[PDB]
Each structure stands twice: as structure tokens, then as C-alpha cells.
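Model the full structure from these sequences, guided by the hints.
What follows is the residue order along each chain.
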Amino acid sequence: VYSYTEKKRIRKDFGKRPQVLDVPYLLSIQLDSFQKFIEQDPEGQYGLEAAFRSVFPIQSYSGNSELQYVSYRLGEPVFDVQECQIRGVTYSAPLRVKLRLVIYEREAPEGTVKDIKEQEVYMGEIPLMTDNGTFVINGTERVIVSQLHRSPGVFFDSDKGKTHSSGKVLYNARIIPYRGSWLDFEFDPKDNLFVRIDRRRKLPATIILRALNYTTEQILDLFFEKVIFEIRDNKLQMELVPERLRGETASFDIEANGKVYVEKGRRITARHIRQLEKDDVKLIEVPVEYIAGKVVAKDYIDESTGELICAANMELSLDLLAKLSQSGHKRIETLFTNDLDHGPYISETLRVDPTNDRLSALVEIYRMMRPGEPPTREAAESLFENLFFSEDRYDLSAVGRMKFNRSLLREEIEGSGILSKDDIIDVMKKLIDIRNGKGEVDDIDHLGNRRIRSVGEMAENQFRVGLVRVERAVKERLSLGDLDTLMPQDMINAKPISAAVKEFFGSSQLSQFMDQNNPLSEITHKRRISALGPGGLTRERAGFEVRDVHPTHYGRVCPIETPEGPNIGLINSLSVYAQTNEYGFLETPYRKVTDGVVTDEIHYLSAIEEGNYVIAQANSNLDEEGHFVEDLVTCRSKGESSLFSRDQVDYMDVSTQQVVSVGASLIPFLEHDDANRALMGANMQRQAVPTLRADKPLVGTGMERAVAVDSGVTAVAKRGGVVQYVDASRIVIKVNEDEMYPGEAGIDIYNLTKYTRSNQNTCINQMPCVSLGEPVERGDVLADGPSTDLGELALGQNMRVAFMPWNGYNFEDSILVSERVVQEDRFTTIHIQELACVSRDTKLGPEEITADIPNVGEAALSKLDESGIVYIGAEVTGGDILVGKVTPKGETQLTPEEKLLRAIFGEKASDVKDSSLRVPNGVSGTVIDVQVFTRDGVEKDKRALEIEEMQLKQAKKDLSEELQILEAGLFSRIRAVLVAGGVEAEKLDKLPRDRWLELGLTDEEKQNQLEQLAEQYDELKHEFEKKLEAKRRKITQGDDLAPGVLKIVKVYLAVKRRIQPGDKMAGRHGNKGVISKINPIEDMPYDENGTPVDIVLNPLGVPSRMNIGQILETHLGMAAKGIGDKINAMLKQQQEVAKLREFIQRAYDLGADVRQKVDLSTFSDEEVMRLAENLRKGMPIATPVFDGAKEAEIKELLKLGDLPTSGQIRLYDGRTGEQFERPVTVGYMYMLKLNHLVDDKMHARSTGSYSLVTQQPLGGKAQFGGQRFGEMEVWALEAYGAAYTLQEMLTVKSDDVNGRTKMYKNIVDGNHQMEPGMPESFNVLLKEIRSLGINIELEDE
Amino acid sequence: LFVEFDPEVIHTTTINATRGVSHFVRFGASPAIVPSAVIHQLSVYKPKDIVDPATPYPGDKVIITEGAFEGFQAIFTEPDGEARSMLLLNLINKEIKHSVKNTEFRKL
Amino acid sequence: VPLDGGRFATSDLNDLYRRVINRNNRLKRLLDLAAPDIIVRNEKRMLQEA
DNA sequence: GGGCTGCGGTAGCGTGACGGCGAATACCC
DNA sequence: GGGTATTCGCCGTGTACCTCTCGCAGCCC
RNA sequence: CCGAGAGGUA
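Protein chains in written order, with this note's numbering: chain V, 16 to 1356; chain Z, 335 to 442; chain E, -12 to 37.
Among the hints, a few may not be true.
Pairs of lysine-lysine, DSS-like flavour, derived with a Cα cap of 27 Å [claimed, not checked]: (1) Z:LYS435 / V:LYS858; (2) V:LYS250 / V:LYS183; (3) Z:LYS380 / V:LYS914; (4) Z:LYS441 / V:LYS914; (5) V:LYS1154 / Z:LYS441; (6) V:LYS132 / V:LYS241; (7) V:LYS23 / V:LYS1172; (8) Z:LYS441 / E:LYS15; (9) E:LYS31 / Z:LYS380.
To give an idea of the chain V side of the interface with chain Z (calculated C-beta under 7 Å), a few residues [claimed, not checked]: (10) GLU388; (11) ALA394; (12) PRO911; (13) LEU915; (14) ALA1291; (15) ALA1294.
Since the hints were derived computationally from the structure, they do not count as laboratory data. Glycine included, every Cβ here is placed at the ideal spot set by N, Cα and C.
So, in C-alpha cells, the structure goes:
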């Protein structure tokens, strides 16, 4: 079953795997992030409510007054999006917050406030989001790219080799919080542990333990296990657990019960440990020499003296044993410090510590963190008890607490935002565990360590910054303000909030300009995962690993759509099915596998959960039962592609499209190309200009529908129904009944967006693709936008390609093109330049925009009107004048005596210079639109009033058409009511249409509905009044401008660039080409049926550049146009529908198992002829990404046409008329026109303008500049003998000013000779060095 | 500006974060200590004049910054008080005089 | 030189020279007015660093 | 209105490069 | 008294071109 | 008509 417009042209679908999950809405990241940001959200998570409930209620420094919060609300935007892009203001909504101020008295902690007040405060504007996922910031249309930063939480990093220059590894441990101070623990090659905070100086790591009110004994109790020595009858017998005997050598006799268990000299096996644990051997007698290296655990004082025998963490000897033996301390506690398993890291770190107690520890930490200013107890205690422990200046997110618990193998996934004592202790213990061997370090590129910020999170953080600045301002005003005369706006200021959020949306590394020349480019620019930005890594520093594809990218981040250049792998694009987890991680769908029958249910997995289970492959051979037909199948366990059992798996990939993105799920035959040429194909397919006639890719992948429908450049119907009226500019739909609301009668009016400028100076244009009076369904497209065809996606056009050398004109990668291409205007595209002219208020009076222009005549004024502004439709070329602007010239600077002279005698200057807005060089076109903007204190000239009256009549006419055709639909519902319930037919057509209600109808719900629509009609009357008047206010007013400009005139040209030797066309597979020769039709290689070929590529681009998929696209497109030619034959020698539907069903059956067939016996005997009208230009074929069409199905489809199964046709030459040997490949390749056009790159300069600080030619094309004869070219001329070429190259042609003036005079004298001289930038070098304290000169002649 | 406090009572960070204060004078790590003799000898001070950098005294020579006399050196004869001034303006033939406000001329 | 508007695209060198000249003029006025030791020390220090 | 001036605040922000090299100094005589 | 040996802070990190936006806020004189 | 930031081609 299909739509009514899916039956327009249904694509032949190859594809064998039955899909379970349909492709989701592709722009869900942007829209769901912003909808999470702005939402009237109960319980305060996530959104603006979280930021307000973090910052509110505001109280002062016990000032007996406390501002509290109620709610917020955003008003409607004052500007709709079209007039917003034209006018240049933001598209934003006002933020109206209702705050409530209550003010206590002196000594009223629980006492009631003497006064309340609750007003609605306005705190700036935040920019809303257009429903396509874009912003409009200042006229321009900008996109925030989703970031990819290090997840908040603990991480254990190796840095195995670069340290120490000795091969010894270190192991650091970084605690990364969401907001606050960083924290790092690390070792050093003396095996001492160290801490550093915010990459500052290095302290020994236990001093922060002393900051946490821990004694030496408590630290030793935490980081070590006790080893007990007891004074007994002789030689201080010892508790010895046999587990501590792991991997040691007996330097003393190991015995008990008169039995030598382990002899001295031999190592202790696990057999020996088992025999001791079996014989239950605990107390053993040691020599006195064994404690001569061990370390005492805790402090022991002598009870006679009360003085300390030995401090904690002191190595013992025989004299200390003689002291503690005669004291009475029979018990001695020691530390198991062996170098294999339990190292003495904490003890040695305590020996490095220059401190003893908590106060000196806090002093040392304060001298680390904030040096210079004097250490005092109160400030240091406030510092360290605010560094990690306050809710204000330190906060892990809930994401941070979840990662920080999962990495510590904690149990809960919820907790506090601050840290605690046990947190730091467990981090140091886990670090020591990694040092000792248990547990391993976490790699950084693992996508479970790697979180996505989006629009909502970053804009929420900037709004939080604005809020904390305004609460500091409010607490300043609250402790100083007077009561009771201030309402909550003398305290508040809307300036910091709006300043912060507009600095983020305007000037950020992520609020970037939208790459808008394609539907695909929009939809793959919004779905972009930047690794750059604040908190991210830069381009010119790092690295290799963050540029490299990691095994967790399967199904989360696209592996092949990434830009070649300086940032490969940093601006990675996001996969098709990859959603975002609620913690911000990348979740990807998998099919839940309970057992041998694969279940039909989907289940989302993050990156860390992927390694635990075992996930099947997408194209695993199963047959109608869920049963994998083998007992062994390719799966992956922990990033390890290996073959596992039939029932050990847990999950299966959803579809075979899920590994890639929409930039390169539209490349057919992707499974046959190398990854390099797939990357080049995706990055070029982002760059194709929208041609003039969209032309339905014959070899598609089926994802064209999702890219067309999801990226909002087509007009999808909100409510389905019947076409009432299609014009080229609006489409008016009458709505079906079951999708219709009872009140508000309703017809859907879709105003199309006609020829206007895109962000890359291409033409965006929507065209009505439905007829008059046609049934359309909800969710169906109504207008094909740029690069779309009947709701599909059509970037380039599909042409008859042939792979052969043709007399050298396609040598390296060049492309030789027929004249049939340039005659049909099938790559002829439309470009649009916006040229502005501004009238600034300057000295000697401001400037006129009059047509009275000096030194020109009617040669320029023949295309200007009474006002001086060009007519709409003037076919201008380069060098003309579009807006005549004149300036107060004369620049005399007359004396104050002459100033008094002209002030008394009264003579003005009245001289003038042309400064008109002229057409740039080379361009032609057509003025299609002139906008005039005027500051409100400026009077209007006559064309401004003409455009003002034009826009006013257009506004009144548009609102009148709205009210009239909505009134026609309202009266049609009234007519639908008035059929039954007292029918009075000839009583209806005599009275006017306004009162159809007063005919006979009883006291039922129908007259109730008539009164509903009548009050709707009176609502429409008052709304027509207020909207016409508000629109008159909008049109009549002048707009705000930059301070200092009077009026702006913006002209929109529309150049139509066709194609020429020099442009860049390319396929979808990575086969770039500069179109070399635009041949005539006759010289083309024609086949024996007479048909010329269109484009002749090069076969040598296939074995080197291993893109074999373009050949399969060529053969399959040849089969497609063979079917199209057969349908054109069966329809031109026109037949009945029976043979046509037989051939169409043969076309849609095709052998092996597909997901398609068609229910072709149901298409009303007119939907077959309409489908054959849409198939006569070649039958479209869905070859999906990895589940595509095999070779034999291509051969079988070529056998359905009458084409040869070889794929290769014999061709003649147009020149010699004789057959080429060895028949060649012809077919249809879908080739794109990229927008690197040669008449934009071409530039030349003899002598234009010269730069000011150094008399050198300028740089660029738009500035009429010269080429940088760079450094390596000077080295190349030195590598020849070319001295005089270099001498005129860097002195006369560039820098020496008198040299080039004398040179130009010599050339017009016909003398070829230079006066060399000295270059001026060398004199600038001498003035800069001499402007230091350095004397530099030039010596003797 | 000079302050007298103790770091235990109100801390130097708090003094440094005061609304309107740039920084302590340090010379190095710690903020500077001025001795008690400097505070004592800056109790009674400011003896000489009403010295006034860049404001004109009468009986001097100035220049004109705006108007139809811009670029004319002038002598103070007698300003009217503390509100405006009166100037002996030069010309290339004959000097004139004028009573003008203090924005349209500045001192040499 | 100005960019296209009402404001000058300023250069960094003129900021540096303006900072040096302002500090040197303040230091001349303080050496004239006989400021105490630590004040003219700070003044010569800021001049050195500028 | 504008000349100036460098964090905005009664603190703290910084945190994802890496190698080489040569001087300055720490530790141990 | 100096002889290593670690730390520190300075250097450096492709070329050519094309496009786009944005380029002082505050302020108390 | 100089700097910064973002993107792209080779």
C-alpha cells in the first residue's frame, strides 16, 4: 500500500533484508535539544527551570530581603522569519519572567515580610529556533554544531613511553568536573604520588589527605593492610598469613610445630601457600633482622615518659626494638610493602611531605593555588572547603556522578554534585590498584568516555553565566536599595543576559554559518559532531588518535563522511540511526535477541554497553524464522570481529544502513568502493549546485525520500485533503474531514518561497508538484524545493556516459562533454548576488542618492528611474550603475578667514563626486528585487514610497485573499451544515452570503456550530482589522540601523551561469573532473542506433582510484534507461493499459526476493498511465547501501530490456565514422555540477591598487589584487639562473614605487628596461628594527 | 589609595575583589608594606598650589579647537568667573576679543 | 585608517605607544609633585613593563 | 555626550601537543 | 666545589587560493 | 582594506 503521490513514480527497490526500524526524523538532535532547553518543564530537569532553580531565590548578605521566583514564559516573536531574514534583525522571542520580591524586617527570620510584590520582569531576548533546525541571527542563517568533549568523571591515563626517557610507565588520574576546578593525581619515577589542581605546581598527594582532617595513622590504615608483630617468649613471633608469601624468597626459616614447612633459600610456591593454609599455620618465629627494614605503623609513646618512642611511618632497627621491648609495647604493627603486589607508594609520599598537621597542609595548598597573598587560616580554610565541597563553585553533573561511580565500580548511579572524602580516597586507591596491576587504564577515544553537547546545553550554560552575573548585580542592589519604592527592575539588568547569549550565538566556534547550497548540505551540517570548540582540542596541535577511527564508532559516528584537509576525523558526522542517550552519550539501535528466533524488537545501546554483550551482523543470513541459517556467524565481542556460536549472541544490527550517514547513504554501490573515494564522493555531494531542472537519480538508494522530507526545503502537508487552488506562489488545500477540527473551519494555505538568495549565493525555489484538485494525504510533500523531484532528492542530472579515451581531451581526470548537454540547459544554474549601497552621514553634509551624477550622461542614466535606483528587470552587465550615490567633493579645507568669508557672504561649495553602487567586473544578470530601508528620522524619496505602497497593497491583498478564501471555506462548512436540518435551497441564494444562519434550523448542535462559525467570523473581522493595522505599522515605520547610516538599498541580481571549459563536474563516487572540451554533437561517439553519447569519462580512473561502484552504477542506469525506452516505445506507438501493466509488472517482479513487489492490479487504470508518464524518462532503481543489487540481477534487468548482457555496446566515432575496436561501456551516470566554477576562480591584474603600509599589490579577487609570488617560487627561480626575472619580480612588479612608475612609462614608450632601485618593504623593515633600540644602517658606496 | 587593615580581619583577596579596586602594589609576591613614616608624612601635605595640569589659568596662551576661529592662539584678558572665559584672539590683521565657553578652546 | 563605518580599525602599536606616553606623563607629574617612595616606584615599574 | 582603559569582583577563570635544546639549579658529594 | 641530573622555558610545527561573519562595553566622568 | 573566528578546493 502507498500514498497517492507515492503512486506517481514508485522506485524499483532492490534490497533483501526486511527492515524493522524506519529511518527516524533526521533533524532530531537540534530540535530535541532546543525543545529540552525551552520547555515549561515540571520538576526542573532539564531546561531553563534547572538554571532558575539553581540561581533562585536571591537573598542578600542577611539584609532581611529575599527575591524569589515563580515562573517564566516566552512571548511571541515580533518578527516572522521571512521579514526577519529580509530586515536583518534576530529571530528571537522576549523572555517574560514573573519574579516575586518579599522583603523582611530587621529580626524576622521566620517573621512575615512587611511587603510583597510580584511583577513580570523582562530579561532580554533569546533567539528561537526555526522549525528546520536553523537560527536567524543578524539576517544570516546560522547553525550550532553539536560538540564532542571529554565526559565528566574520572579517567586513568597511561602515557607509557614519552615519560622519563627510560621506558618506565607512569599512571595519572584526572577528575574532570562539569563546572569547577579540575583535579589530577599522578606518579613520578621516584614512585612517589603527586597531586596537582588546574595544572598548577606539583604537591605530594597525601597533603590533600592532611587537608581532609586525616592523621598519619588514618592514612596508613586506609592505604595499607596490617602485618602484626608480637613480642613473645623469644625473637618476636609473627602472625604470617600465607597469602603475603606470594613471590618472595625465604631469607629466613619458615617453620612451625617443630616442622620446617618452607626452607630458607627457596622461593614460596603456591603449593607451599596451600600447604600452610591447609595445615592452619599462623604464628611463626622470625629473626630480629627481619624488622630491620620494615616500617612501624602507628605512633607509640613510652608510658613511663609520655614521650614518643617512634613516629608513624618510620623504618625500624634493632635499637628501636630494644626501646619498644623494654617499654612494654608487646604488639608491633607493620606494613606489607612488597614490590610486586602492594607497593610502598603512600609511605614514601608521606616521607616526601614537608608538613605534619592540617594547618600547615592548608597553608601549603593555599600557597599553591593563590600565591603571593599572605596565608591566613580563615582564607585557606574557606578556599579548600570551597574548592570541591560547595554546591556553588564546584559541580559534577549527574553524568559526572554516573561516570565517576561506574569507573569506581560503585553501586548507585546517583549522588551529590560535590565530591567528598571517600571519593578522593577511592580515586587514589584505584590509581594505586592500576599501578599494582589490577584493573586497566581507560582509553580516551572510547565513545563511552565521550559526550555530546548540543544547542540546549551550551545555550543553557551561557544563560547560566548571564544569571550569575545578574544575581551578583541584584545582591549588590538588594543590600543597598531603599524600601519600598523599587520594583524588581532597578535591581535587575537585562544587559548581561542578552549580551552573553548574543555573544554565544553570534561569536562562537560552533555558532557557525550554515553551508546552504543543497538539501543534503543542510541536513548533514545540522547532524555534525565537532570535536573542536571550547574545552575541545585544536586543529594545529592534535593529533593521531583523535583523528583515527576507533571500534566504538560502529553505528554511532559515520566512518567515511569526514573532511580531508587539516581536520580529518575532528568534524565527524553522525550516523543515520544514532540517537543521543539522556546522559548525552551516543546510543545506537540494536535488535534484542532472545534466542535462535531473532526478536522483532529494538533496544538502544550506548558505547560502554556494546562491549559487554555480543552483537550480530546486519546481513546475517536468516530465513523467515529468525534462525541464523548457520551455526557460526560473524559477530563482535569487544571491538573484535570474530565468529561466534549460533546461540551465544545477544543483539543484532537493525539495518545495514546504520554504520553510515545521510551524506553517504545516498551513494549507491557503496560496498564496492574504496573508503577514500567514498569519502571524496560524500564530501563532494555536499557541494552540488541546485540545477534548473531536477532530474531523478536513476540509481538511488531509497534514502532520498527521508532527506527530502526531513530537511525542510519542501512543503510537507500538515493536514491532508484536497487541492482547492494551485498557483505558482501559493497552494490552497481543502482539508479532509477526519483530520479536521470542528471549530475553526480551516483550509491549509502554503505560501511557497520563490526565487531568492541562499547563503552560498545559490537560488532556492519551490515549485508546486501537484495538479488542480488532487487528493493528498497528511505528511505528503506539496512543493518540490531546490534539488528535489516529486519528493525525491535530485542534485545533479543523469547522463549518457562512456568510458574510453577520446583523443586526449580527458587526460588526467578531465571530462569531455557533448554540446547536447549545453544545448538542453541541463546544468545551467542560477546564482544570485546581493549588492548593498549604504548612505552614511559624513562630513560636509550627508550624501544624496539622486540621479544627478557628475561626469556621466544618459549612457548610465538610461537604466535609472526618477529616484536614481535601477528598475526591476534591467539586464545589466559589468561596469553599469545600479544605485546612483553622490558625495560632497571639493575637499578644500578653507581657512578660518575663508570660513568667516563664506559664512558672511553666503556661498556654498556645490561640488560633487560620483560614488555610485556599480556592477562588479565580469558579472551580468537581472535585477530581480530591490529593497529600500530608511532610518525613521529620514524623509523618503519617491521610489521608497513606491515600494512602500507596493508592499502595502501586497499586504492588504494577501490578508484579503486569506480572509476571502478562509471565508469561502467557512461558508462551505456552513453549506455542509445547511444540507439537512430544514433545507431551504431557493431561500439560500436570494439573501447575501453573510447571513446563511437565519434559514430554518432548529435548536440542535448544527445551529450551535453555525454560531461557532459566526463568532469565528466576527473574530476574523476584528483580527483582519488589527492585523491590517499592525502590518501598516510595520511597513510604514523605518527600521533601526547601524548608528551613522541613513538609508540602505539592497539590489538582488540573478546571474545565470551555464557551463564552460573549466567547471568542475563529478559523480557520486569520487570521480572529480574539470570539464575540458565542450564538443559539438557530431564528433561525439554515437552507437549504432544513432544516439550520441553525452559525457566521455576516462577508464584509467578506475584501476588506480579504486571506485568500481561507478561502473555498476553505469550498467544499472543503462538498464534503467533501457526500461524507460521500452516504455516510451510502448507508449509512443500508443497501446492500451493491458500490455503496459504486464510490462510494468515484469519490471517490478525481477527474480529474487525483494521487499516491494507492487499491488499493480489496483491502480485504477489511470494510475498505471500516469505512472508510465512518470517512467518514460527511465525507471528509477533503489539500490540500497550495503544490501544492494548483485551482478546477476543487473544482468537479468538488462535482459528485461533488449540491451546486451555484457553492458558494453559497440560505438562509432563521429570523426572517422568507423567502429572502435573492443566494444565500450555506455550507460547513465548521475553526474553533479559542483560549485567551483571557473568564472569565479579566474582572475587577472596588470596594475590595480597598492597596499598602504607596504607599497605592494593587494590580496584577493574581490579586492582587485595580484598573485602572491611566494617564498618557494623565489627558491625555484634561484634554482634556475633566473636572476633578472626575480629582480623585476620582487622589486619592480611588486614593491619599488618609483621603479614601477618608470617601468610603466618605459613600456608605453616601448622600452623594455627596469630601473631596479630598492624595495620599500625593506625600508619598512629598517624603520621597524630602527624603531627598536637597534641601529641598522647602510654603508659605503 | 592607602588602606589600613590586617589580613586576619579582612583578607587581601577580599580587598582585591572590592568594587572599584584594580590591584595591590606588589613588587613581587606579597603586597607592599608602606612604613608608618610615609603615612605620617602624608597626613599633612599638599602645600604648593592648585597646580592644575591641562586646565588654563588666566594670563596665559591657548588655542581654539572648534568654530570659525579654530586654530587661533589667544591671550586671557579676563575670564568672567568660574563659568566661561574671555579671550584675546589673533587674526592676520587685527586681534579681537570674545566671551566663549570652555569647550571650544583648550590650552597650548 | 577606518573600516567602512564611523569607527577606526585601530592598530596595536598605537595602543602600545599611547600606554607608554600616558604612563610617562603620569610619572613626570608625580616626580614633579614629589610623591612618596613606593608610589614613584610603582610608577617607574609600570613604565618599565609598558 | 565621550576619553579612556583593560578580568569583574567584595573570586576565579586556566585543564585535549610535542620535540629538542640549552641554561638554571637540585642532590650529592 | 663541582659534577652530574632533573626541571624549566624558550624555540619550532606546508603552500596557494576562495567564501562568510565580526571587530569595544562600560562608564563615570 | 588590517586582524580574529568558521568552512572549503588543490
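So, going through the hints one by one against the coordinates:
| no. | hint | in the structure |
| --- | --- | --- |
| 1 | Z:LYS435 / V:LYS858 | holds (24 Å) |
| 2 | V:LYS250 / V:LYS183 | violated (40 Å) |
| 3 | Z:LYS380 / V:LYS914 | violated (47 Å) |
| 4 | Z:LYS441 / V:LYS914 | holds (23 Å) |
| 5 | V:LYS1154 / Z:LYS441 | violated (104 Å) |
| 6 | V:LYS132 / V:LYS241 | violated (65 Å) |
| 7 | V:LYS23 / V:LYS1172 | holds (16 Å) |
| 8 | Z:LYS441 / E:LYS15 | holds (19 Å) |
| 9 | E:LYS31 / Z:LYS380 | holds (22 Å) |
| 10 | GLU388 | holds (4 Å) |
| 11 | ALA394 | holds (4 Å) |
| 12 | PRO911 | holds (6 Å) |
| 13 | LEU915 | holds (5 Å) |
| 14 | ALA1291 | violated (54 Å) |
| 15 | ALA1294 | violated (55 Å) |
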